[PDB]
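> Chain A is already provided as a structure; the job is to place chains B, C, D, E, F, G, H and I on it using the hints.
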Amino acid sequence: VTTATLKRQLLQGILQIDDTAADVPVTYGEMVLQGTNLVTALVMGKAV
Amino acid sequence: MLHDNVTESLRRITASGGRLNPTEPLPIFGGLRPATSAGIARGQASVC
Amino acid sequence: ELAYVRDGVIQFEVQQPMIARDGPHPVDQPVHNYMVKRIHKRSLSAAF
Amino acid sequence: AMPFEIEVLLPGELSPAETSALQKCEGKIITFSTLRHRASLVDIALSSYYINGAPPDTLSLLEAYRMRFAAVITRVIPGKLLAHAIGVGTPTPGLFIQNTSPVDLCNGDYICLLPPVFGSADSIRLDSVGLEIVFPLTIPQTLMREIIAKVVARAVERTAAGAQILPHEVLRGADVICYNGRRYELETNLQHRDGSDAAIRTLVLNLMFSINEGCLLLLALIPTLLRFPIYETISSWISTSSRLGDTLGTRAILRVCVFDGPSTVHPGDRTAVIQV
Amino acid sequence: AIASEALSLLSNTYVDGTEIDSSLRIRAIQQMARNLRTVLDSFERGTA
Amino acid sequence: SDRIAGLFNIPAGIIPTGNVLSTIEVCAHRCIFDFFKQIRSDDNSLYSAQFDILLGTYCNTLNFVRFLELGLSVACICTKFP
Amino acid sequence: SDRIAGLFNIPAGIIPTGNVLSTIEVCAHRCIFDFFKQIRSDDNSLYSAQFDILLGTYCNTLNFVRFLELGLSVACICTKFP
Amino acid sequence: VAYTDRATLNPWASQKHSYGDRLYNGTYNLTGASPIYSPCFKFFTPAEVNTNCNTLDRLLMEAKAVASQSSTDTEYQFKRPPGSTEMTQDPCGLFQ
Amino acid sequence: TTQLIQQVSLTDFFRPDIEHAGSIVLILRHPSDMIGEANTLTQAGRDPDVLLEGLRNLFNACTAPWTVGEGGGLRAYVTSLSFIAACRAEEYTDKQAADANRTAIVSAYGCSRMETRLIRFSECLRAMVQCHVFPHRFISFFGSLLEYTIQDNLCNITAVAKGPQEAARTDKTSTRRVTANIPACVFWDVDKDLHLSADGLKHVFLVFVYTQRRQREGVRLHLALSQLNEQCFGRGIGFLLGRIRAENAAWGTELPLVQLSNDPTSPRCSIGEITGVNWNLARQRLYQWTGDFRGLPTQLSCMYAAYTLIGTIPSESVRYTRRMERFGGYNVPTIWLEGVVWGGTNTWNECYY
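Chains as they are written, first to last, in PDB author numbering: chain A, 290 to 337; chain B, 1157 to 1204; chain C, 98 to 145; chain D, 2 to 227, 267 to 316; chain E, 146 to 193; chain F, 16 to 97; chain G, 16 to 97; chain H, 1253 to 1348; chain I, 118 to 371, 385 to 483.
Only chain A is shown next, with the shape it has when bound in the complex:
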């Protein structure tokens, strides 16, 4: 991560471009806190 001036100066002749696209994920994870560790969350005060 940098500024658009350093990126310009870098892409000129210092670094070598590898690609112009990327495969990225398009969704987040998820936690539920259900089933059993809901029982231990209300009787005792802990969960895994």
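Wrong hints could be hidden among the right ones.
Pairs of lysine-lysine, DSS-like flavour, derived with a Cα cap of 30 Å [what the hints assert, rightly or not]:
1. C:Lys134 to I:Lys289
2. H:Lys1316 to F:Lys52
3. H:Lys1316 to A:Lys296
4. G:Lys95 to I:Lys212
5. I:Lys309 to G:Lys95
6. H:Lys1268 to H:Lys1331
7. D:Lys25 to D:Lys81
8. F:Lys52 to A:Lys335
9. D:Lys151 to D:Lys81
10. C:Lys134 to A:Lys296
11. I:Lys289 to C:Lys138
12. A:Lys335 to G:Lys52
13. H:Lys1294 to H:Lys1331
14. F:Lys52 to C:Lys134
15. I:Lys309 to I:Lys212
16. H:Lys1316 to C:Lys138
Computed list of chain A residues with no C-beta within reach of chain G, every gap over 10 Å [unchecked claim]:
17. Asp308
18. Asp312
19. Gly324
No lab work stands behind these hints, which were simulated from the structure alone.
Even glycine gets a Cβ: it sits at the ideal position worked out from N, Cα and C.
Using the frame of chain A, we list chains B, C, D, E, F, G, H and I on its own:
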């Protein structure tokens, strides 16, 4: 110092040879701010 | 359920190799480490 | 429950200068003798306060701000004025008010109206209909007593002309009102010796004739403390003092609640309020 | 009587999708049923 | 302090969620951690069990009175008048 | 210490394992128990939720160096006297 | 430690309770009410890491995100106002 | 519903990360306003500079001593009841609870010039009374602490300003609600002392108590919980404070007209007889009456209490609980009111008679 007219005279010889110096009538309760100048030329003034 | 947690931690367990040397040297033993970090809480807000 | 909205239908023929003037005179407080859903521009005007065919003085205005119902000027459109009530039980949800006073309102102050006792008043003149409108001051409840006790005292030394008290003293000077860490000098860097006293002298007279009779009825009753009906005098003193004191001792009507904003409301600045 | 935060859970304001919230709303409904049943038996005792 | 070292048992192996992929000397960066314990080849204090238990939960249930099953109802002729 | 209330929630472990046979004004014997709390109806402290959580565990895996797979082993003639 | 042939170059400013130490060391709060920024404040005030002795190389953890020292709005270098959040770097307040 | 109010402030005389939610928070008027009122209201022969020095010494070790002037914008706006109680922790009858609270807040706070901060605030409060700059003019009810956020030295506070206390919803650790609470020392129920103690609605007052002898001034504030309304509570206070009243009335300040008119033989001058030449020979023809009302008991020399009304508790019977619960590192006895509905108008009533 012992005599008030010696501190009141040192605080005048000091102010007459610089530009960072408190307002002339020292307020009885406050913080002795300096007089804001109506211009800035080359940036903040770094004190020595 | 982030609004309900009080504090959450994550635990690490790393092991280190060793090199069997000769004398005169103090013979070695395998070392293991155990660590804990703790999540920090932050926020984000915008209005209209 | 719904609010109490008042619709002041402005007449035509108002100069385009006076309309822009009114466009800024919102948030200010006006009063009506009776509270109706549709008012007119002559119920707000100064001509409503004329007591004996003559404009009111400070005493009459203090007596008037009690018997009338206050209202805050909300949005103004090119056609009419819209104002919400204050005292009656109403849910008025937006209810901002601008500060017309030479002090700063801190977040949490209580506000009570005071006629323009010192100097001049900010009045919008509508010469197209032949009437003007003066707006009360919004001062914090903490100064509501110091201000009046300092503008009524000062007007007694100026009455002490004739070597009754030394008019040559500069030992005591600069009667100021310190509030929120600012000093408001009262002489206003000029001389309003005339014009201001002539509009307050009735209050000063009613206070002189009431403090002077308090320290004499006591002395008449108990001569060792240090044909002239006496019980009639005991009666006519309390009847006058207790009827003049409630006029002065006013209570608050708004309170400055401020979210998301600055804690200090400078003079000529807007802010949100709630109903006491 | 019905508490605050028990009236806030019966009347479905501040409804979150969490199961740890339904677990509390059930706990509130049970208490309200208890109290209503006891109040109704009180009228059979009061007659005597 | 170190209350957190004691919330959940430190060496209690549940399942590696990930692999730290580094294998560096961690004795150096002792401070980017809220708890740190270095152990030699299988030292003690790793075999500890001590718990707290809720050995039961008792309740009750009320009895409901019917006014007409009582004996007192002989002295009256109960009538309903809305 | 009276920290006893604070291990498990007071109403919790909902299914009761017994049944109190005697209804009496328990308040008069408040000092028999180690904890006591009488509410009138729907105290606000009944609906309280607060927990701690373990958000993962991370191990490592050692790599096993073979001497003959290295390059340095060229200079030696590794035989094995028994 | 640096020059081993002497104990100090400036006896008036390195000794404890000397002129320089008494004038610039922040513990004596001499210029506590003055608004002007003191460049020599960090050179004459002894440092105290709350975990001074619980790390061998805390050079890295004490070299990332120190808050700004002075003000960045006014005409002079005042002290940092009570509500600022700017942050700088000190290659000179680390090796002293 | 309720009514929330929010205010940014410093953290000198108030640390919201330590005080319980539901705690009563006070606000402070600007310090530079006390100088003006001390320069004029001070009695004769008493230096009005003791207040100024005790003020410039308080703020000289409180925070950055610069920017304590006029137009900074940031200032030590708020305090808690616990701070203003522990600074005067030697004037309450319950020494146990007072000293417990005091040692709690001395250690749980920064401890960096915190003892001095508690001592000099008390010195300032003391000095405010000999100059007749009474504290009730510069301290007032802000709200009950509900929600906060803090930074290095900078805090932002949200409080309940008006409306039932238990209707405000927060993100408190255990449950989403909070009830009011106060230290046990500042508590003062007037009905148990006056033998009224009835079951009914109550009021919640904020009463100051001044005690002024020469160089022996003592100031404490309580939280009163009475059946008597705003008008008839000064009587109940005067009957419980019968000693301070008489002590302040004395140790604090340190004409036959009806007969002359009953005979036309006494010398007199009708109003139409007051002209130029009659001037010099009038003030001697009449009856002489020398003397002066100088050096006498005034309202500011005999004042012993000043109280406001801040809320009511409209239940069939007030259920308040006294339990010992900690400010973290230390135990301290508190009192847990139940079902208070904050009010206001911040109208102080002075008591001098």
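> Given the hint that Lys1316 of chain H pairs with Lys138 of chain C, test it: the Cα-Cα distance must not exceed 30 Å.
Distance of about 21 Å is within 30 Å: holds.
> Between the alpha carbons of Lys1294 of chain H and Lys1331 of chain H, is the straight-line distance 30 Å or under?
holds (13 Å)
> Need the status of pair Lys134 of chain C, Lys289 of chain I: alpha-carbon distance at most 30 Å?
At roughly 24 Å apart (the allowed maximum being 30 Å), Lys289 of chain I and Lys134 of chain C satisfy the hint.
> Since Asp308 of chain A was said not to touch the interface, does its Cβ keep a gap of more than 10 Å from each Cβ of chain G?
At roughly 30 Å from the nearest Cβ of chain G, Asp308 of chain A sits farther out than 10 Å, so the non-interface label holds.
> For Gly324 of chain A, which was marked as not at the interface, is the minimum beta-carbon distance to chain G over 10 Å?
Answer for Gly324 of chain A: holds, closest chain G Cβ roughly 14 Å.
> Given the proposed pairing of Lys25 of chain D with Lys81 of chain D, does the C-alpha separation stay at or below 30 Å?
holds (14 Å)
> Check the hint pairing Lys151 of chain D with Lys81 of chain D against an upper bound of 30 Å on the C-alpha distance.
Roughly 40 Å between the alpha carbons, so the hint for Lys151 of chain D and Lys81 of chain D is violated.
> Given the hint that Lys1268 of chain H pairs with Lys1331 of chain H, test it: the Cα-Cα distance must not exceed 30 Å.
holds (25 Å)
> Grab the minimum beta-carbon distance between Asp312 of chain A and chain G and tell me whether it stays above 10 Å.
Check passes; 25 Å lies beyond 10 Å.
> Regarding the pair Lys52 of chain F and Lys134 of chain C, is the alpha-carbon distance no greater than 30 Å?
Cα-Cα ~13 Å, so holds.
> Between the alpha carbons of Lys1316 of chain H and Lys52 of chain F, is the straight-line distance 30 Å or under?
holds (26 Å)
> Just to be careful, I want the Cα atoms of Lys309 of chain I and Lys212 of chain I compared with a cutoff of 30 Å; is the pair within it?
holds (20 Å)
Checked against the numbered hints listed earlier, the structure breaks hints 4, 5, 9, 10; every other hint is satisfied.
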